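Only one chain is shown below, in structure tokens, and it's the form deposited without the named molecule.
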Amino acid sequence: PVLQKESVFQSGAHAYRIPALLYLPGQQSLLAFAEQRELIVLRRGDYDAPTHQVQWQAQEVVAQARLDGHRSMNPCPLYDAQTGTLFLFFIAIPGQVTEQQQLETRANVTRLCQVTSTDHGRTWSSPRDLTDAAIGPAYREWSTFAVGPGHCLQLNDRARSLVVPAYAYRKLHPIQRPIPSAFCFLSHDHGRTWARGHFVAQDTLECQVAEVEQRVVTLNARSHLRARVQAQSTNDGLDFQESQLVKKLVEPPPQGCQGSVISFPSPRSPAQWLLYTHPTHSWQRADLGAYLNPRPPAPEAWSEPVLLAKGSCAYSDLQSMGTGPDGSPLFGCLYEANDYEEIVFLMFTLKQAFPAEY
């Protein structure tokens, strides 16, 4: 049972993909982002407590989130609890082959960008190209890269550091095709300066990060194997301990699929629990499921999944939304469905999803 299920983006031409969701705690509202085949679009929605429904407003293009002559992709939003400022990180790639690419097929021409808002996402700043400052000399060592997709992370450390999940196709071989590896971008000063963390295992792509109780950053990545890949860091994402396979979280080979993970206050030793969404079919992108980890980020502690939606489902993004009407944690989930013909918003509580916990 759920509180709300609504298609917030629809296109028979598969125009909308790559969902990103952001919850604003003071406003008690959601920002739902998506790529529109390319620019980034957004729908704002307030949680109407009296009816316990999110009232989605009209779709609008995030005009500022783009570079002239470039396609924008991978919306990666974050709310800075210290300043209240919102960050929308995104990727920008030339719409057409550049002269440089004409001579160097694998030349990196991808840009890391951001737009910020100081009015709860109503208006955005001019885009800021973070590429050189965040990646540095390693830039030429990759063919391309991306952040997210989906929400990023803000730690509960003294600095309230920003952690942006990412992955890059490394041109390690001149003949072999570039292989992707996940990593994190880290800032302790609200995005003024950035550090590029070390890569986790090879062949890891779209990943998301969460912080759990010392405090560690857990990175959960898409793989080309039959299970998810996870790794934890004790230094805010700069370095990760050996990557591990999470057999309890299935990945459909050979392509795998993007999934989402968030932490939330334990509803009961550990301070936080993790909630994760991803398709549950052994080899198809179908049957979106929600999984719980009560002793994060231990791979063997993941629960069996509960079905959130049957049928075709792909990428998703989660956000905790405070406390639900029944008294248990409230969650919002944005996911691709029906052969990429729509992006659906699902709102449910922990009690609804995992009744055994109550």
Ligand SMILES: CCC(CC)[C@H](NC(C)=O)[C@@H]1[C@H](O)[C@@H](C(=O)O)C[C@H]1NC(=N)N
Contents of the next structure:
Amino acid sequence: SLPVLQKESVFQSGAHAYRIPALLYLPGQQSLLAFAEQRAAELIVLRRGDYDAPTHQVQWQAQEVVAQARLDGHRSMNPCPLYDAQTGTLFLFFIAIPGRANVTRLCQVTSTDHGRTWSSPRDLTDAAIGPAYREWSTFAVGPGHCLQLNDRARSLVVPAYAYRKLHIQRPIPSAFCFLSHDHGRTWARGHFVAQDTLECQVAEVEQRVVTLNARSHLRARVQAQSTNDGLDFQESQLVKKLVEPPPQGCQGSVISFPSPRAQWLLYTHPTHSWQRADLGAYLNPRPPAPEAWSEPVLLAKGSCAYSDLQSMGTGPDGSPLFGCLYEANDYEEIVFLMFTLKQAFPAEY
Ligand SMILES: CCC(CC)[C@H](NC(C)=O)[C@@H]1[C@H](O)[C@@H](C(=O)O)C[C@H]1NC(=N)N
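Could I have the structure of this protein in the form solved in complex with the named molecule, to go alongside the form deposited without the named molecule above?
Shown next: the complete complex, the earlier chain at its head.
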């Protein structure tokens, strides 16, 4: 299908299994960081990748284990990378569940050497959630990259969802954002969006809004936008243009990038309505506008699942360079795709 700069496998089954990928680009470093769950949900691993423009290809180093990203007697999962341009610090957020009552933990480990080494995990659970904790059974972050805003305080936005016990029934899940306006010092919990929303990610648009796209039991993605930097999500509706597979849907990813014409959205997710196959790439020139969403362009044929996008700057063709990470061939491996806006949306460049 679609010709791309590079298509390679960064993780593969054998010794252990790997799922739930997360991608992070380090602008002033030309580098990328591929995160994932190393399953015997056990530990989180990481692979550093140095991108070279001339050879149109990224060079991946050895695989490593974020030793710090874990709590004793707790499995880890849902790695959510995020980079603070302001301080140049790195944040890897995750979840720790022990080996009806909530026992989930929110944790973060930071790096100041571009992810070469990490700190001690900070358990943000009690200060970040508060009394509402007991009101849930479980929650989670990402999985995937998080967001930093363009507001005064260059706030940090972490996408998440909680499994609300609102009743005589199961628990209902709703997405929300963990906000910090002091570079991961303090954390607050923004409000929820429509019910029955799950794994999600956010991106900033053009005055300034936060578009949040979430997984859903239904047959179409659920999309909500915010005007108060993620605190609230006024609008919120089904985007029939973005199919969602049968079971309980599947995780997608979305990022923003500068329009060649103020940003546009790129989104990745399986295109098959009846399964997790044929990973497409949808483009939105008039974000957030739900009907502005284009048809998808086939990125990879066959079985596909969780994915994560990353804007990588300028491609060798002059167009926006993108970095994709997705689960393939029935979780047998994880692939790193790299292409440009040109190759994907030739009519749009
Ligand atoms: C129970 C809530 C689910 C998310 C909608 C569930 N996530 C967690 C943290 O348990 C995911 C889901 O069951 C699996 C999938 O859809 O592929 C992956 C699975 N995620 C992980 N094993 N990390």
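Only residues modelled in both forms are compared. Here, rigid core means the biggest group of C-alpha atoms that superpose within 1.5 Å across both forms. Numbering follows the first chain given and starts at 1.
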Superposing on the core, what C-alpha displacement does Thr51 show between these two forms, in angstrom?
1.0
For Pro297, give the CA shift between these two forms in Å, the superposition being done on the rigid core.
0.4
Students should find the CA displacement of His14 between these two forms, rigid core aligned, in Å, to be 7.2
Once the rigid core is lined up, which stretches of 3 or more residues in a row have C-alphas that move 2 Å or more between these two forms?
12-14
